[PDB]
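Heads up, the chain below is alone and in the form solved without the partner chain; it's given as structure tokens.
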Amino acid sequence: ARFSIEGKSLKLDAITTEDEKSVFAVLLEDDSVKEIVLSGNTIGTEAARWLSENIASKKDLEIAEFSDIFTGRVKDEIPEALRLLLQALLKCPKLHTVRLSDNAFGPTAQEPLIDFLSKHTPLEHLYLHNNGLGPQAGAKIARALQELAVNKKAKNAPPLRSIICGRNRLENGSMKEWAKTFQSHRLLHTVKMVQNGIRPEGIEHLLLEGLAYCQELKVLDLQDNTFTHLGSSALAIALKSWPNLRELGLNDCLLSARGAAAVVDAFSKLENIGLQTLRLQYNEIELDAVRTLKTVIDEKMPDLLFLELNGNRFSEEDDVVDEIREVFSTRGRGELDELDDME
């Protein structure tokens, strides 16, 4: 059973009488509830206390979509409801996916968040995007998630599979911590830390000291973070570590021209590339690497389906473009994006 009040825009400081008889009747009557969507409403303290008691009873709850549930609330008054909700979830043994994005978590709201994240061993997919964390709080999430690995390990719990944490200003200052968090979770399948303001030295460290140890990695998205030649050379080295890589997201990462050359040259050296999606939008990439890429895709990437090169430093009119297009045509599979905004 799936319960949703999504986008109902409810200013719930508490749970009324008919609001309890006409809104959360299913959540208050059904026990086999497997999903709960509270996204798009404002949850006050009292309401949170109500839901908590009606959520801890759902022993088969697996998905908790609680993104966007505190808009309008005073940042430092959210901790009580958060704690009440997260502590109720720690009682749901089959809860594998938790989403808490689009929620402003100040340093205070971070305590119950940290305790929960460090204790919920059944967690497999976490979504924590756009919470205004920052470097300080970012390392706290990292650190807590490292405690999760230990608890999971002692309890034989399933491994963490997804980690979506972007648009949270993690930047360079919390990268030594995440590297450690990825060392703790080497069975990860999806990782997305887009738009965090991470810079060259943080990208390099994160890739080589962290992600590189994640061999089951299928999807990696480091969209909108500064790579430069440094970060790029660090990727060129990490690549060989992900034999199961399917999607590599690198849009707006300013890999640089030589950066991109180094990255393309790394791929050329990998055999059996099961890669399907390659995003290289706005990376200051120039013609020469695209020509090299052209060959690499044709000879070394038989499963490619999506290629993004818009915004780079070569023109759609260069002959390599029609060459690429022809690789797809002949194969009958794969597509290039529209190059309408080149440099």
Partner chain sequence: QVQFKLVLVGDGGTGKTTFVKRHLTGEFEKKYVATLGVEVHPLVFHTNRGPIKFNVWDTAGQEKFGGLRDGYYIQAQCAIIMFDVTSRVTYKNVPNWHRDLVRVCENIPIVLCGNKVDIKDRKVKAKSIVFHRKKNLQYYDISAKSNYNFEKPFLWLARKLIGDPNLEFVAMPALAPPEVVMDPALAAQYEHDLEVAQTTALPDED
Given for the second form:
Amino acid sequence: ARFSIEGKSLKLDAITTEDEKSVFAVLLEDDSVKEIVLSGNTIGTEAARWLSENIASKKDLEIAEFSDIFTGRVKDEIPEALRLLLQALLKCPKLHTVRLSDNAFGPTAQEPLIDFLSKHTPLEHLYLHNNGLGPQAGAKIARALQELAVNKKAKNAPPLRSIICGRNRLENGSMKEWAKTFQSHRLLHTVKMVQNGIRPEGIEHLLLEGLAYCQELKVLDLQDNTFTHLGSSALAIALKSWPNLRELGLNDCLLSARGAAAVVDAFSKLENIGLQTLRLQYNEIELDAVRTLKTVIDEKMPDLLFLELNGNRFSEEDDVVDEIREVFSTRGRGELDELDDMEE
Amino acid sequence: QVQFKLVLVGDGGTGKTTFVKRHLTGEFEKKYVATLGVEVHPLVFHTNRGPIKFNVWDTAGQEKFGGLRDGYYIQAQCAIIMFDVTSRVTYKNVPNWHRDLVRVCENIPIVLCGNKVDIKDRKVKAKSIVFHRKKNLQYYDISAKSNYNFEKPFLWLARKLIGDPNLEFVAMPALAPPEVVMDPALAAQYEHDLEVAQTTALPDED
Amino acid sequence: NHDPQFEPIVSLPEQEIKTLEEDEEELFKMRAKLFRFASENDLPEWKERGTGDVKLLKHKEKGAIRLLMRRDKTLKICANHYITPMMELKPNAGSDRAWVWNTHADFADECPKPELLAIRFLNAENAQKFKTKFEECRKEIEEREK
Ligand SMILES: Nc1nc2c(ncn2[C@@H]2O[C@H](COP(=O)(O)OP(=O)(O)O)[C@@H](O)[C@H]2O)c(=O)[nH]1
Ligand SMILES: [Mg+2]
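For comparison with the form solved without the partner chain, provide the form deposited with the partner chain bound.
Everything in the complex follows now, all chains and molecules, and the chain you saw is the first one.
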């Protein structure tokens, strides 16, 4: 029930010849398909048209892997093509996971996104990563998801569970709105908004007025966004909101010596920490904090399997390191990363 | 009239277009508008060895590196890889750009640009940058915003391509502005906009 | 690398580049930032055009006087139009270190275009030293026309 042309690097312009159509034979004959993967090809509008017609029919569709499918297409043709495909997907009752990452979108192609995302109630896992949405469009996509929230409650449909939206420069421009998108979907499990130029004020909001309402949250990654003391304090306060937190990715966030200081302190106070993987790279975290983070990991973080401090402000030599590595050894389960790049 | 095909590549939202834009309008496009596919913008410069034209092939930073990109790379003669000094993630990707690039071009001048050096909280500092040492690239901190070094990249490649260590930009023949007559309907409603201007305050950043 | 080495792609002879600014005069010369006005964006914004030395030139042979600006480093022309009778500097609402004005045809991009500019100087008195010279230069032109 799986159809795929992954990596076939096809310059799919039309799909009309005897061949070309043969490629999508498995698509035409089998109507009981669950996953369609198109990644690794360039779909022109014409071919997009032919694939739209042949996708609506696949009513048992559950996954649409549309990541990387336009490499080479200009503004002149992506929006149309995207529109047609998303038009079809909309007609799939069981489609819970759709992936549109690695495609040049931004404002110039927000239409299909804004449409589709607000309507497709069956959606549970959204993969909108590296699309260059931008603060402007990012916001519309965010509102569009708020809508979906509503249209979902109207049809008693499953809650949205995963939003993987990074490398889109959502910036602070769209944090006001995204924070609302979260207030909407308080049942998310995986939210990853990595590398969106979101600065301090941005994260403070996104946190305290956004994610903080997702009590169900399991995995949160805000990698490569400027946090600083402001962001950290937010993060500290908010930690108590995610009990079932298991993965916390803060690599490259400039938490600041003072910030990490508090975040660590924050965990110190948490109870029944089921955390399983903490990424704290490049945050200028100083030794005194790493010192405390250790004892905390030891006493209160029994399930930690991964740690990452590479890149901060404390010598790869310093006692604490070995003490940490030692903690996982005694346990038989644990793993610190390689500190081959400390700051200063 | 010499023409050079320069490939501008790099992670999205770094500055490729902003940079190129400024270089042909002087404007600092502050709005982030994703470049679908590839836009070919030509820039001409005048040197002590005549005028040269760079055909900047501005590319899209989402497109996964691979053969599907070959078109841009083919017959290029130089290139600029760009990354955001405030995005560690963006720098970590330089390697992939410089590879998917040297796979079809092999040996060609390439300048690595860490843009937005103007931003306060910087992540990829001047020191740490090494990649250029290990792959024979020229490197420049730049800021499409403050213009810091904004012209070094072209200046370099030009010297490298032309083969004149001491090549330099010079003047630019200022031709005679055309006639300038008329007046009737070809005016009047101009004062209307001239005022819509003298009213709208100038973005003072100095 | 220290200094990446590449064997030249072309061989280009040294050359003497003229400025077509030889039959000049150069009444005024002062550096300033020049701005362009929105255009067909429906969003009335001021887009930077260039930062460099502004110059007022009259023609020895004829009389014609024009404005000619070049950007720093790049030296590309960011303004190059004639001064007509119906033209003048009008303060930019707030601030006096800047003036706006219309040009039926600029030639910065070597293509005749209707530009609605605005230039700003370091000190407000420099703006006067400019407007003064710009006005008594606009005068030298109205006097011209019959
Ligand atoms: N602060 C700052 N922002 C810049 C600079 N250059 C570009 N930007 C901004 O970065 C964003 C993306 O620029 P863009 O040209 O679209 O980058 P592209 O991803 O290569 O197409 C826009 O929001 C620009 O205003 C710079 O030197 N400094
Ligand atoms: Mg771009």
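Numbering follows the first chain given and starts at 1. Only residues modelled in both forms are compared. In this text, the rigid core denotes the largest set of C-alpha atoms whose superposition between the two forms falls within 1.5 Å.
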query	finding
Single mover in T226, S241, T97, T108, with Cα shift of 2 Å or more between these two forms when the core is superposed	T108
Displaced residue check between these two forms: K21, CA, 2 Å or over, core reference	yes
Angstrom shift of the Cα atom of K11 between these two forms (superposition on rigid core)	1.3
Cα shift between these two forms at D76, which is computed once both forms share a superposed rigid core (Å)	3.5
